[PDB]
Amino acid sequence: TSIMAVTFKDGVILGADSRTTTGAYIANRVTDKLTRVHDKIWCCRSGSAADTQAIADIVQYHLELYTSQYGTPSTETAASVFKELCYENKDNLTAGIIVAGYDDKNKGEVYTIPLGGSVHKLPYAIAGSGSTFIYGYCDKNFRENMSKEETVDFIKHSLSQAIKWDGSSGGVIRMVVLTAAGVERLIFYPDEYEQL
Amino acid sequence: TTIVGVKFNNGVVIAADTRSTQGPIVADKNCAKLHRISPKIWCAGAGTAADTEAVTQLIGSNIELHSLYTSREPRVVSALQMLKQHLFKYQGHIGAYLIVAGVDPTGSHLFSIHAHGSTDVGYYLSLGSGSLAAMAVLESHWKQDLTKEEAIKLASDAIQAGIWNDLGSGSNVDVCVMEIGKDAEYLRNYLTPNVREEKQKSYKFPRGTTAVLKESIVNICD
Amino acid sequence: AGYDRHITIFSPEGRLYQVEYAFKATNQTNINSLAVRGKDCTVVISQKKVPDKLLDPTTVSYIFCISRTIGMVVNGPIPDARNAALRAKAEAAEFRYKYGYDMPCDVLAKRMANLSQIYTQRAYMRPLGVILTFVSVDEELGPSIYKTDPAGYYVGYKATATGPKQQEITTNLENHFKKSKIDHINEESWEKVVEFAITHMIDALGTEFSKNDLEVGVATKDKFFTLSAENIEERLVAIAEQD
Amino acid sequence: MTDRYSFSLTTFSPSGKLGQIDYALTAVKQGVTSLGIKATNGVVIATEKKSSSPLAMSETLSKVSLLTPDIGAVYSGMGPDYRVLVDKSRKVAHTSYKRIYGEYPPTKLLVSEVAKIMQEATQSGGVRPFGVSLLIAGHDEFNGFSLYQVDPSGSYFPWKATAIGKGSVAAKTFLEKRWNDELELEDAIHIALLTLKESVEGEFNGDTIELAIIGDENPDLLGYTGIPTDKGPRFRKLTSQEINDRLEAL
Amino acid sequence: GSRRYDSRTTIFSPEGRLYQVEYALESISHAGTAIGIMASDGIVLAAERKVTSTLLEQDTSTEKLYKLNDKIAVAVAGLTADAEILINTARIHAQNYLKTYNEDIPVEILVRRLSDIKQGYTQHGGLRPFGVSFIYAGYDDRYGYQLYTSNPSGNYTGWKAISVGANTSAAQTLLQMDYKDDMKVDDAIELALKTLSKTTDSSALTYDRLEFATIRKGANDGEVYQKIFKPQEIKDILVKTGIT
Amino acid sequence: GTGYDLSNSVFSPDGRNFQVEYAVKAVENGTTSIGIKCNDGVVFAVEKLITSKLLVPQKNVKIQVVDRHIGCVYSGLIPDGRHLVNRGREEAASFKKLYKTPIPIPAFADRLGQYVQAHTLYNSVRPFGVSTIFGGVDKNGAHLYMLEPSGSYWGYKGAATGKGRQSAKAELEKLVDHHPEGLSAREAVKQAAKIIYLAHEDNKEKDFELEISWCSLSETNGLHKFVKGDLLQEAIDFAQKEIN
Amino acid sequence: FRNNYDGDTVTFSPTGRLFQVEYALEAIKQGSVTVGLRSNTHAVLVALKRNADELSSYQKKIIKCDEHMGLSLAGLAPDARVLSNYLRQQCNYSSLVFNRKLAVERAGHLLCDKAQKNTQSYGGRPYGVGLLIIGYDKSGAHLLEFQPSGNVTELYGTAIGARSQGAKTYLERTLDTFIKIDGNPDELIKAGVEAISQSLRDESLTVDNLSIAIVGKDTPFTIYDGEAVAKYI
Amino acid sequence: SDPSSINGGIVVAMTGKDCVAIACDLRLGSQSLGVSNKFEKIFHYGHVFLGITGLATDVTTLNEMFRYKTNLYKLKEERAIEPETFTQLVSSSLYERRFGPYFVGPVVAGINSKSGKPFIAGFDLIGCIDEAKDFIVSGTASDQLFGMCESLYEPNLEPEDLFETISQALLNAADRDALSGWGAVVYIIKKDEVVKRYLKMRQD
Ligand SMILES: *[C@@H](CS(C)(=O)=O)[C@H](Cc1ccc(CN)cc1)NC(=O)[C@H](CC(C)C)NC(=O)[C@H](CC(C)C)NC(=O)[C@H](Cc1ccccc1)N=[N+]=[N-]
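Residue numbers (PDB author numbering), protein chains in the order written: chain N, 1 to 196; chain H, 1 to 222; chain G, 1 to 243; chain A, 1 to 250; chain B, 1 to 244; chain F, 1 to 244; chain E, 1 to 233; chain I, 1 to 204.
There may be inaccurate statements among the hints.
What the hints assert, rightly or not - Residues from chain A shown here face chain H by an in silico Cβ test under 7 Å; the list is partial:
| no. | residue |
| --- | --- |
| 1 | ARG90 |
| 2 | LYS91 |
| 3 | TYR104 |
| 4 | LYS108 |
| 5 | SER112 |
| 6 | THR225 |
| 7 | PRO228 |
Quick caveat, the hints were computed from the structure, so don't treat them as lab data. Positions of the beta carbon are idealized from the N, C-alpha and C atoms, including for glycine.
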């Protein structure tokens, strides 16, 4: 698994591979790891598929009930609900979740939640088994307030290297763009990103 | 076990083998692995057979009650959500690996559920001990926009691959076709390529071969 | 013996007085509301009355956004209205989590009516003195109006009205559908369906409205929303350029 | 908070009468007339759809409900009390039977389960009895066709033909004249429409009348093909058109 | 609070009586008459059906005579729904005993347990008592043929011949007049039919208004057999006894 | 008949809850308290009836803080008001624990509203004998609310409850008409002092103490703070000047 | 009127009164008189103990809650035991968990909230005792008056019980005098003895009749009885 | 260690022409030590027969449980239970103890009273239904029984011929198992009559 979320000039873009493995076998090569919890709040899932799917479903339930009573929640609020489930059930969960959402006032925000259940607000975050191989690359190539074109290229080049070295990662590169304009789905095929 | 699921242009088809085993010993040579959750939502089981049977019947019972409460046709997403939340609750101890398919007012669906609660969505799926043999055929012959007849042929070829190449699978091929506009057709023993040849000798014993000590008539009527 | 009118037990006549008095509490607000179905939309109009000058008009509301798709207008006291609103929102979120799809308008109506039935049978829970009208564009049934009462009774409507002057609005709508022969308002845009509902509100009640006198809720495909004072003002200008 | 009504709300009076049951039966008598007739090859249950408003859609309110694919029910009295009993009857058919024996309960046992729920509403603390009487019609392999009447007390008795509600006294007398042990299903439906006409004041058509039958298996209503043992539900609700066709031969 | 509406079902009267028990017995005194008679070679259970119509299905009907065990049966007088609650628990207790000891439950133990449940609603709970009176007909290898009766108070007694329900005073006088210790079952069947026919509030005693059951140890078997009489079997015995 | 006013959850023939209306009488008997919504905050003020010279001045604080941005003031049964604030403090802490952000004022208003409404549903509980004026600054502007014993609450430009609510509401209505652009936080503190002094004529027999609190975006950083020292005396002098 | 609405505490009257609370307040006026008063350094409780017979003991009125806090009772003694025991636990909780001496103001808030819970729920009765809590915390000396209604008020001086108005009128007049008695415990006690004597009518305060307690700047809460109060008579 | 190998024993069921047969051994043991030669493993409730293998304490318990349940069934339904219905009853009862199972291998045999159709069914310890048309085997010599039945069995055997088939399948399978044998009993079940026969076999 190789997942990342990067904030930029117009908002935030989430990126992920499509490989879920049971050992050396690829059970699904077209997996969608970019999960919606709210209209303009999305998450990246890593670790146990059963754990991350159950957590994301509970958060989506909480934010829907939040919207019915108090209106549109903030990205920090959505990260807090994720954190509350991850921290309180830390002994039984294996979940690495990056929360990324767009606000009109706060622009783009990224919150990473590692295994322990802590919250970390960052300009960009990388997680998963394949992220270890791109720590050096992402730190040297990341700039703040990049354009949509630049950010897509940054994530596309980073995840391509993460897929190249990590066996647990592979398939297609999926992207979700979060701006004031709306929500955009992007997909990049092996024949494109492998030769970057 | 070997079970598959293939989506076509106007619906979804699921297929299975008919071999039930107790370790290396075949218990049932012709068992039904294609179960029914609701009239138009069918399920294929893999792993612990008692777990797959009971989890299908429990959700199937609750789906029927939900259908009568809402006055609506059962949805595949409902069966999927109720199965995954039940399986996640037991931390994977209920060893039920299922391929769930069906048609509803929203369209045709195909999902796969694992014992721990994780779910997947695709156009072609396979589970069981012959999952890899079946997937190999699916990855070689699958194309987008298949016809009903092409989907049945592809799913049947995938099960055959599991029958011939996997030891945990054999005997017959069971198929269930679910089209959007029509009733679901369950094809029990769609193919029978494993008929046991006529025995070389009849082993009918002559009457009086077995030694008997005592004989009595059992009372059944109260 | 005379406590049959105090708790929810049967009277010698086979009646339940506490349920009957709960019906009488629904008209305490002196507010009239109507619901109509369009070609692909559902609209609710409700009277907005702000007597005290010290009140914030933006906080005075009897129309609630239950979910993304479902909206609810209430006839009765506001404390009992918000009690039913919070519960309906909780039931809507739970249904989606458990069954994977958005709760239909008629299903939520049945659920709230079943809860009202419990207060009719069990002694310790008093009935809520409110009438709830649920509106949405269902993904299977289309435009829908479903109304629940303190008795636990619920049914679907082509169009409905609730309040002290309910009968005047009801007969006004009845006569229109006898004339049009159809069970809905044959109009493409929701704006004109809102215009229809306001026009027939004026004709039945015999009273003119300003932008602050009305409260409008519109339900469309995959969304329910409420109109602002300026959105109603635009709707009131259009009906004025006809009479 | 907390239910402090732990005592019975229905108690024995000096005369030996259970007041709340008697008053619940009074509420049934005020309700719209519903009837049931058992034929040789089926059972029919019918009622009037008393529309509270012409703006209200009568289709969205079903007074006749399916309990199991072979068992149906109709009522007279309080609508809301019936709806919750149907939900409980459908669930108890699964929890107390189907999840144990892999098959649907026989008519007599499901009726016995419904009667138990209604009995508890008479004795348990802080509740009133159900203000409804039910007519449950069904079929099972070993008993054939049967019809039962369940009262607010929880008492149930089998019927060849009966009616409950407003003009139940006048309807039962008419049913006694027309019923015989050689009636076919179509004959029973014909008598049902004749008996219900006397109770109906206003319009008498397929839109104002609700009728359902327990007869032959319906393979077209099963939803699937392949299993020979599964032949479809015996419960079938007649459409507005199916009623109107039989009203012309009245 | 809720104290206002409390009827207080479990309180003593100034005379030392239990209001709800007394009123529940008053309720049963209007229900159909049930008679049990013990003979030397068996027990006879007879019951009169309260309220009958022409369209009432009798073949599938069972309101007063219930089977608890293969050796024990009951006659019901009072609320039919309240009876079935107690009848179900009695069937469970009988099976619990059989699972524990691998023997059929002695008649008295089953009667006492049901009577203790009836007693419970008399002392605690704040709930109304069961408006039901039972007549227990049963057999065990200790006392042989046994006939018991239990009422809402939770009190049970043994009998040679007993009647519960309507017109008990009239029925008990008729039974005490014609009963002898050396009676046969066929004589006891006749006595039960004669006593009911004389205490009937209706015009004539017909088969469609009767429920009949006998518990006999068949001489050509050696085991106890229960026989709940069918509508035709009641119709036959009604003619033979001289009632027609 | 009668007796509909004895139990809490009971509806009267005219669809009224008398026990709730009886709780309103306890509020009307209580001390007068007000709330003024200004251009970027809210100002709370309360009368403090000095019973005797033995009462230590500036000690018996009536106005209470919920979280760090909400201020609460109530009229009637003081212990009932404290119970409601305790619930609100738990309710605010529960919101912040799960959602990180401090609870919005309209969100907090419903939480108290649902809790007070709950005490009108059962006969085992008594309705609150307090009308609570509360509010503060959140994500989008300032809010002012007044909660009734029935559970009913609304948003207010100016709120008043207690002994001299009529005199206060009259003075609050004068401000809304003369200031359509919006009163300032500095002016609202001075004006709140005047309204309390003018509404004190309904209780002019006893001497009183003035207590003011405010929560403004520019003045107190959106945090609830008590008016103390020079600003308090400045407000007292402004009121004592315009009382004559 | 009153008879229909005084059955339980859960019921309001048409005028908006709670009669079961008001009846509980009547239990205080039946009880023996006790006086509380303070300065800027010390706080004193002077309590008149009541005997049943001349052979009976004079029942104790003052209870120690902590080394810096205590209270005097008027009304039902077992109700005072429950409330003082609760206050003992709250003072103990603050010292064990926070290493902090519980504020006298906060102690009054806790007694207010506990008494309130008995006035809103069915089945419960209001406490039938009035309490006068004295204490020396980080903000100096304090005196509080507790009422069964839940109302707690901070005061310079006060008296509760039978004929307590006589002592209360005295303290309201002597206000400017006893507030300045700083650094002298003996003069503050004598001011309380002069206060409690204003409520006397039946007898004169004797040796085994008088009960005095004091807490202050360098004085832990100590109760004086019998021989120790002889120099104040 | 294995609760299915402490006591030993085997059960086999076979279908014929309008008839079913169920057979079991009589051995009750404690590891290597033989305890009893009278422990019958086949029970009946009405016309439905049930053979149970595995842990003997559970064999006795389940028999007492199903006697308990079929008796209450007969009182409510007013009829005897059918083999198909009883099969589902066993299945649901065993799964009720999913995470604390009875260490058993139940076998249902009988003929439907209404249709006259022969019926046999098998279960694992947690209630999975094995519904075969030919034969059902269970016990410590299940592998031996599978080999015997697969070879000797032929469809539509007459009651007299089916007896010879099931008896020889049981006897030769038990002789290859150390924990099985010590006498045997065969039931021949027909629509009208049921014959019980004790077999003469090795006692080692
Ligand atoms: C194929 C699954 S696989 C693991 O990929 O080979 C079949 C699936 C199947 C599904 C539904 C039906 C219809 N009822 C039949 C078959 N699975 C099996 O054959 C399993 C394989 C296991 C997981 C190794 N076998 C069984 O379930 C058998 C059932 C027989 C008696 C019909 N039972 C078992 O093996 C039990 C496992 C177990 C052991 C201890 C505790 C709980 C369970 N053992 N036994 N007996």
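Here is how each hint holds up against the structure:
Because the smallest distance between the Cβ of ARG90(A) and any Cβ of chain H comes to about 6 Å, under 7 Å, the interface hint for this residue holds. Taken as an interface hint, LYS91(A) checks out: its beta carbon lies about 6 Å from the nearest beta carbon of chain H, inside 7 Å. Annotation: interface hint on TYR104(A) violated; nearest CB of chain H at approximately 11 Å, more than 7 Å. The closest approach between the C-beta of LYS108(A) and any C-beta of chain H is roughly 20 Å, which is over the 7 Å cut-off, so the hint fails.
With a cut of 7 Å, the hint placing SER112(A) at the interface with chain H is violated, because the nearest CB-to-CB distance is about 20 Å. Interface restraint check for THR225(A): the shortest CB-CB distance to chain H comes to about 5 Å, inside 7 Å, so the restraint holds. A cut of 7 Å between beta carbons decides the hint on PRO228(A): the least distance to chain H is about 9 Å, and the hint is violated.
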